[PDB]
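Enquirer: Let's have the full structure, built from the sequences with the hints guiding it.
Read off the chains here:
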Amino acid sequence: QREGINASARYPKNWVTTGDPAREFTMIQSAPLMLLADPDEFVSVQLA
Amino acid sequence: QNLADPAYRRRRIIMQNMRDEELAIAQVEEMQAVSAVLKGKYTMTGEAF
Amino acid sequence: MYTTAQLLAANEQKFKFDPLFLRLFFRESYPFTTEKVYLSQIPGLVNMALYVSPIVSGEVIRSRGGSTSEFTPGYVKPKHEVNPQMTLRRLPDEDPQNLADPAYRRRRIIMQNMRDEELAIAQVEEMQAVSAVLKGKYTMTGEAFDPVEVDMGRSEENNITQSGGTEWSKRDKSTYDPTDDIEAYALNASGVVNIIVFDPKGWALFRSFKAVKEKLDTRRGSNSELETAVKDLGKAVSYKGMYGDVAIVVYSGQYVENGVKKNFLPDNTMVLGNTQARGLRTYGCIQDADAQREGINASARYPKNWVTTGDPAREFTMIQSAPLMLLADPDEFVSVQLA
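Protein chains in written order, with the deposited numbering: chain A, 294 to 341; chain B, 99 to 147; chain C, 3 to 341.
If you are wondering where the hints come from, they were derived from the structure by calculation, not from laboratory data. You can trust all of the hints, since none of them are fake.
Taking CB as the label site, the calculated pair distances span:
#, chain 1, residue 1, chain 2, residue 2, range
1, C, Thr35, A, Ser337, 56 to 64 Å
2, A, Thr319, C, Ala105, 33 to 41 Å
3, A, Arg316, C, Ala105, 28 to 36 Å
4, A, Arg316, C, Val258, 30 to 38 Å
5, A, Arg316, B, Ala134, 37 to 45 Å
6, C, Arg108, A, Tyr304, 32 to 40 Å
7, C, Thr5, A, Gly297, 54 to 62 Å
8, A, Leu340, B, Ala134, 13 to 21 Å
9, C, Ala105, B, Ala131, 56 to 64 Å
When the alpha-carbon atoms are kept at most 30 Å apart in a straight line, the in silico DSS-like pairs for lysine-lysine are as follows:
#, chain 1, residue 1, chain 2, residue 2
10, C, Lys79, C, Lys137
11, A, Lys306, C, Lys81
12, A, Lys306, C, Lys306
13, C, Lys264, C, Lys137
14, C, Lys263, C, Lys139
15, C, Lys175, C, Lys215
Where is the CB? At the ideal position from N, CA and C, for every residue including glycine.
Expert: Have a look at this one:
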C-alpha cells in the first residue's frame, strides 16, 4: 500500500530482520483469481 | 578446484530460491484452472486459509 | 542552588591488562574465506653423502613433508544497549561547568560502548592465547556457543611437570642450582629458547634458590626485553633481568570475568619460549547476513550500529569477529608445571 501497488499480478519483496540472529527473507505474494466465463462451454468427459 | 565466498553463495541461494518460488507460483496457479475446466467447480481451501 | 564548585574530571578505573602474547608471539593475522584453513609443518630430515665419489653413484634424494590440520570457527558477539533514557543525566565526565546535549552524549556513550566491547575482545582473545601457549590445546566453549577443541600439536615433552619427589620446594634454598633442570627442559624445546616467563608467585620460590642471586638481574640488562616490557606497561609484566643466555620474565596479567578478576597465569608454571616463536591472529568469516550484503564476512573485527522501530526506539552496538589465535609450531614452547 505504501507504494500504491495494491493491484498487481505478483509481488516480490526482499527484507532482512534485525536482532541477535540476523537473517533475511525473500517473499512472493499475489492474489490469483483464475476464472473462466461460461461453464457449459466445456464438457468434462470422465473416460473409462 | 574453484571456490567462492559464502556471500556469492548467498547470492546463488537467493537467486535459486527466487526461481523456486516463481516455479511454485506458476505450478499452484494451474490448480485453479485444472479445477475450473475439469469440473466447472473449484476449491480454494488449505491450511493458513 | 548557587554552588559554583569547580569539580574536574574523575577516575578512570582500569584494573589490569598486559597481553604479552598477542603483542609478541602471534604477529601473523589472516582472515578466513573458508572454514577449512590449512597449515602445514614439514618434518624435514636430510643426512649427508659421506663417502660417495663420482664413480660409486648410488641413492637419490627423497622429498619431505605432508602434515597439516585445520580448525574452523572462532567467534565473539559483544552486543550492548544504548540507554536512550539515561543520556539526559551528566556522566562522571562532562564537567558541571561545561555540559552538552544528550545526543552528542549518546555519541560519547557509544564510544564508551565500543571501547568496552573491544576490551572484552582483548580479554577473551588473550585467554585463547593463554590456552595456546599454555598447553598446546585450546578449548573455546560457553553458553550459546558449543565447545570447540583445537589440539595444536603440542608434544608431551612440552608439557613437563615439576611434580616428582624433589620438585623445587624440598631442595636447598641456599646451594641448589636450578639451572641443570632448566637446560634439561630446554633440551626438548625444538629449538633455542630465550624467554622463561614466570608466574607472579612461581618466581618467588624460584629466586628462593641462591643460584639466582649471582645472575645479572638488572633493570638495564637486555635490549629487546626492556622495550617489550615498556610497551607492555601496566605493572602486569615484570622483566626481572638476565639469567645469562636467557632472560627472567614474570607475567602477572589479569582479566575481568563477568565481574571478577583472574590472573592469566596459574600459581606455579613456566614456559620454554623463543623470541621468534611465530603465531597466528587468524580470523574467521562473519556469520551474519548484514556482513555478507557488502561481502565483509572476512574481516578482523566487525562493528555495527542499528536501531529498532516501534514505540520504544532502541539503538544498539554490536561487534562480530571470529578470533582463532594459533601458532606455527606448538613445540617451540615447553609448559613446565612448577612445583
